[PDB]
Structures are given as C-alpha cells and as structure tokens.
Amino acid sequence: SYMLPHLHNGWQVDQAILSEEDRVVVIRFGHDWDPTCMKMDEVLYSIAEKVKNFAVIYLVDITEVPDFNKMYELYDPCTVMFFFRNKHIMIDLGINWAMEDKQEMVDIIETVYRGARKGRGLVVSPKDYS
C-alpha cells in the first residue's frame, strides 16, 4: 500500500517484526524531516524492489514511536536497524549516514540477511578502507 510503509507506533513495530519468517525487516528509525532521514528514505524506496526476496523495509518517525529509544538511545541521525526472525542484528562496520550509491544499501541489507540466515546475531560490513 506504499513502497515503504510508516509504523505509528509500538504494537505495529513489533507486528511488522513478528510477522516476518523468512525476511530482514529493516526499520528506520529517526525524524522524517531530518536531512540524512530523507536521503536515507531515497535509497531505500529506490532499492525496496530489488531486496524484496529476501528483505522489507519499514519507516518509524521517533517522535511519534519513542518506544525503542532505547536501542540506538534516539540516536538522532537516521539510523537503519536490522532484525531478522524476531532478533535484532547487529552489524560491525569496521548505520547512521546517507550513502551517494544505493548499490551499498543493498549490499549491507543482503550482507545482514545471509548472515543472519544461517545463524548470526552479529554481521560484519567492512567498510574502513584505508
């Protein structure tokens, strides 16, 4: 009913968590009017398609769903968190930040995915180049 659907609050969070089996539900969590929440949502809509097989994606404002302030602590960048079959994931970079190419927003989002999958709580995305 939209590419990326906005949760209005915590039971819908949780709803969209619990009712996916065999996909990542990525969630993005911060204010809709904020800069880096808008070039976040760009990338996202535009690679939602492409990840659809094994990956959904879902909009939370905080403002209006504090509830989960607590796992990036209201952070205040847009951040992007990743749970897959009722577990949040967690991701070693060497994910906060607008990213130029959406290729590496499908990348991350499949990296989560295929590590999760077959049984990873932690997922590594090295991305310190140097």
The other form holds:
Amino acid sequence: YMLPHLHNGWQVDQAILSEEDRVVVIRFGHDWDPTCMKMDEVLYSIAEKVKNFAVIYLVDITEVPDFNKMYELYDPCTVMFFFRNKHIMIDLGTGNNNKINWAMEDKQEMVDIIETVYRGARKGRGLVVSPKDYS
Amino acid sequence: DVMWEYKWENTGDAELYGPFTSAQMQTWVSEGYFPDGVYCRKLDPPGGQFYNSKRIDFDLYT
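Can you give me the structure for the form solved in complex with its partner chain, which would complement the form solved without its partner chain we have just seen?
Expanding to the full complex; the earlier chain stays at the top.
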C-alpha cells in the first residue's frame, strides 16, 4: 500500500491541477535520502487519515528536476502544499513560509498542519500559521 | 463541527475547561481574555496535543 509517485513535470502539473477539494501534499527529494525516509514514514502512516482532504505524492527531484529552480529545492527533503493549483504558504515560525524542509516525525502534528492548510486555503488564505512554533 | 478545551498552563495538573465552540473561543480571543494565549486542543479525536491558542485561528473552524 505504497504512497503514489509522480515521474515527470507533466504528471506533477496534472496532479496539482486535479484536486478541487483536497490539499495536494508533495514531498520533493529522493527515496534513498535519510531525511526523506523519516518524512515518508510519517506521510505513509497518516495518508489514510487525511485522505478526505489531502492527497500525498512523492517526487524524485533527480527524475523530476523541473521545479528545482522554481521552488529552490536544495534541501534533502521538501514538503510543499497546494490547493486549487495555488502554492499555500505556512508560517512555521522559521522565516521560510514556503515549505517544510526537515523531517518532522510527529504524526498527529503533521496531520494538524495539513488540516490547517486545508481549512485556511478553503477560506482563501494564501498564508496560514502552524499550530506549533518550530523556533 | 469542532469543539475545544483549554488550560492556562501546559502541564498535566492544570484544570481543563469544558467543551467550547470555535465561535466561543474566537470571541474570548478578540475580547482579550487570552492575552498570553491558552493551551487548547480539539476534542475529536481523543489524541489531543495542546497548542498555544495564539497560533490557532479559530475563524478557520467556523
């Protein structure tokens, strides 16, 4: 019951474009990467829980480098959020509102973040605050 | 439909306060009753995890 993967820019475009009522969660990185391994285990374990309002996709940014420049994907692991084709920003308290770029292994915490993104974006917020301050 | 509980300190001993609507929490926020925030969580599901209300936008759950 693995997480779905997207294998080119075109597929990523279609996936971001295809959800009217769910957050599109994208993990940019590589399966082989340790940070990605920890983040993937979280995403895998919450995928069923959030499936009504979020879909999660994994993208290998070697196989799919299309967005590297666009979203400055220079970290080992990057989770980003999209709603109705729009990049949703989250104030995590880190100074960077564009992405989660560390493996947070708190399962419920990740669920709560996704739910906040969904609830915010549905009400037209392009920026939302994370429930916990990450320093 | 969402419901909240909160405590003044983030400790295992602090009193928790009955079920509240999101609108109720929002009114209390805007009226200055949580000037340093309170430690709140949704009542469903039971898991919990308490957050400082200062980071919670109660208007998102209305």
